[PDB]
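One chain comes next, on its own, written as structure tokens: the form deposited in one PDB entry.
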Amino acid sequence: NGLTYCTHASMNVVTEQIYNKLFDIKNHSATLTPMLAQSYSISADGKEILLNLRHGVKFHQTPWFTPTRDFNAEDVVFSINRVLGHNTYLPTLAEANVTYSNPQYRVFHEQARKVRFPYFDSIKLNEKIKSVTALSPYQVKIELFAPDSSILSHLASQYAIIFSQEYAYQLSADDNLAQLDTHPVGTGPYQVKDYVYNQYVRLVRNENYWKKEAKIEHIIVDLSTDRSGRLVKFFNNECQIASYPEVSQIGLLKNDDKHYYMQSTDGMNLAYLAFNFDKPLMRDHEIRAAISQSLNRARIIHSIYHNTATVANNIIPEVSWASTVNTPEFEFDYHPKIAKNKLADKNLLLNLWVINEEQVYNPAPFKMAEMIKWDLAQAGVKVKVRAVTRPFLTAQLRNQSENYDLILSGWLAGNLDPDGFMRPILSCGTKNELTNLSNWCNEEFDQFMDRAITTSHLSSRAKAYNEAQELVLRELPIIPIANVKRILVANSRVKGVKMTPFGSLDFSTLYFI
């Protein structure tokens, strides 16, 4: 039996199937599922973590690698040192075909990742973790600079995959470490058979997997097409699952014989409008409140996302474990009469910048910007919409009247922890980095956030994130707009489909009826 998956990744959906991590995320829970780490404990001072490693775990036996030992603490030490930046030949992230033995690179490669891909760089794992050492072949010690109860969240995310130190040694000695990411060796339930870049990956079941064996032996991840093309293939049965489809075309493209279902999950993402506090008028709370009240966020959500999203009246996404502190109402929601009364008199002329990129939190940012512009017109505010790139946001402007008053963007993360969701976008530490578009600095907010990582006690973290969120919703440095669902379609014959909040799925639980 074989299944073809047409994927949006074209998030690496592949790397989650061939590599394991120390822990996995369980949905809506702060409790981590032990995976390659079977248990842990935290020292009294919160600065030392002991990881007890699982025994009997094998790396893949592939055409390019025969392992002579089981997974152990050297694999963990090697992997976590790579992602803390400390491997000097290898990118911090598994990529493929990019390697550093080059003068004008790594400085360039990491700078462009940081400007283009700010999600990973926002983690600052090398500012949190001081060292990783083997205490024995099945125990690892992680030493922190300071207590941070969000650290394990990161070790359960896509970046914290576990590679083979033995493979990486065999490669170094044959100076060929470029092949680490081209010919993968993992512990996961699938292994790579072959691939053609931008076309397909073929995966084959790992017959020596340490946990429940995968049910489908052969999977092909098709990367060869665009978003509309995935449904064209789906309905011509060239794939049995297609992720992130364009739902507005299902009606045109479906054929009336195919049995299929749509499945969706709440996502760890948020589309928002940020106010620039470098602008004196935007520092006026009465103007922020009134602008928020002009916007019919309900209508915007319906028009832009066609029932694949939910209005965000909170900063913390519903899928977080922390969402127990969310409340359904928003003080500054749609109230066009009050908005007009406050604003029309000021004769405001505002600059609304829109980052020109495609992210799952917003499929049509310029369309949304026109609707925002229109709603603000009804309250007596004129808006100029401008397209900007992230490099352009690094530039400084002579005329500060050319600079943005409002900017349309969003945020996403690869785990459920509020720390790595709200800190990058709203903390004083990031005020001069690209993640804090508000250029906002509130010390009381940073104190709630710093408090939330000093303790591991669930109800205590929750209490701190409740204070932090109420403060953000009162001060309005940003206006929350939408949390966007992750969506796929599958053949009715396919079961065991479980889409994660980060846009991936576990291939190993799929089966045909």
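Take the two forms, superpose them, and find the largest set of C-alpha atoms that agree within 1.5 Å; that set is the rigid core. Positions refer to the first chain, counted from 1. What changes on going to the form deposited in another entry:
With the core fitted between these two forms, just one of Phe234, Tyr167, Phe275, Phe71 shows a Cα displacement of at least 2 Å, namely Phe275. After superposition on the rigid core, displacement of the C-alpha of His55 between these two forms stays below 2 Å.
For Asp194, a C-alpha deviation below 2 angstroms is recorded between these two forms after rigid-core alignment.
Superposition of the core reveals a Cα shift of less than 2 Å for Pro147 between these two forms.
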Second form
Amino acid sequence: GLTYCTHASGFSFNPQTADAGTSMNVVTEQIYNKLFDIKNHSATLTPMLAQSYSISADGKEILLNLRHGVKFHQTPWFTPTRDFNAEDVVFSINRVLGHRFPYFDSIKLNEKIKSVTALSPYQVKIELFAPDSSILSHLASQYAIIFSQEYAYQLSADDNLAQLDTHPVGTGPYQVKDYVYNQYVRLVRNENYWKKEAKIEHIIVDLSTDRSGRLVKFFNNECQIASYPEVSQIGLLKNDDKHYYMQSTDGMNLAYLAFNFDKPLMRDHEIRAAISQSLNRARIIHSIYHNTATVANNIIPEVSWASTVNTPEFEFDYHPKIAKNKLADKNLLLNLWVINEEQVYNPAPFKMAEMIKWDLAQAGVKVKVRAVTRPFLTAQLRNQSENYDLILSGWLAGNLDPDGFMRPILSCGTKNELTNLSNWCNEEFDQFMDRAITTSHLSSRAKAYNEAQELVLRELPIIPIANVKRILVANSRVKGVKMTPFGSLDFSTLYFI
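Requested next: the structure of the form deposited in another entry (the form deposited in one PDB entry having been shown above).
Just the single chain follows, nothing else.
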């Protein structure tokens, strides 16, 4: 057995309905498979539930050839009577097309895909409205998990369709044995997996502790891997210890401040720029993240294939004297909302808020900080009653296609209320993004994404603060631990020496 300690914050057996950009979803990446995985900087598609695919010459039709012989989990709540096939893919993709899903609604997946049909039991046809170079990447994201149509059918007969997300059935290398809300998930190896079996038979995912206590549990041998350690407690760790080791990874893990474009005073570009210039972001990174983050003058991370070498100068970096000149006379009062949760991209949200409140005080701007819960925030956004000026947030992604993160955060939409906290709509921005998916040439796409990014850093609908590393500590008895920019920890490769 191995115990893996992580945060309970926004844990779910279903990321399609969870909040976008908050989690690598370590548990559901073990129990469900996708049609493809992307594992590398180059954006190679690894065949998973699809063995292969073709694209039509006009680029509007994709054929998925599904792997034969794949089994869904035999659990106490479900006995499958057929193998995975096209019906499962059609059910799964059709559900999110709507033929509330925050990620898919934020990318507007139903304005990309026209239909999804089974040509045969082992071949699916996707047709698009127009050529779209992003589609296969979205189907390789953590959100695009394939469910069991047979299970969903059985449950619909007796009304219990909610149980799809409470008692999971997947094709992945682990299955759910049992769990206790906010305490633990017990995983057991799938003995009928379609690829190399997981080496460790039993895995407990411990959710029951805050950052402080996770290293306590680790050194008291209550868990053998521990995610997202406290940052002051990394100072207590060494690299050359025989008994444990650390790993850390870059990726798409961004803390940022969004301006509410619904507030008339936030529309003034002079105000946003001066507010950006009031912030001592270097002080913030040093003081909150220590060494686990760098100041972010870019939306697109350097590990992304879309990243343009030459990180320029940010025109609105710390300059407290210019900020004070522009702001002091306006007698500004800003409401700053902070989400009261553990966040992969911000270890001390309130402490960061207070530092922002301080920096803006020096520029003569009064800030009232307001702690808020995810449920409260979610309700207000769904209800369009949100009345913040600033909100402190972030984005986490294992998918480094900018269509999968820049679009949810900043694109026009009516059904992107959970992800676009700026309430920002810019036609010029949206044209860059739409151009970026009309070609399959990486450099061509990158150019379009860099033009979009450059526009964002001029307009300042958000202020980027920090690119945050993901860290874990592992017990030296454990091998096969690979932390990567490109997804969650794969439990199936863990083993004991």
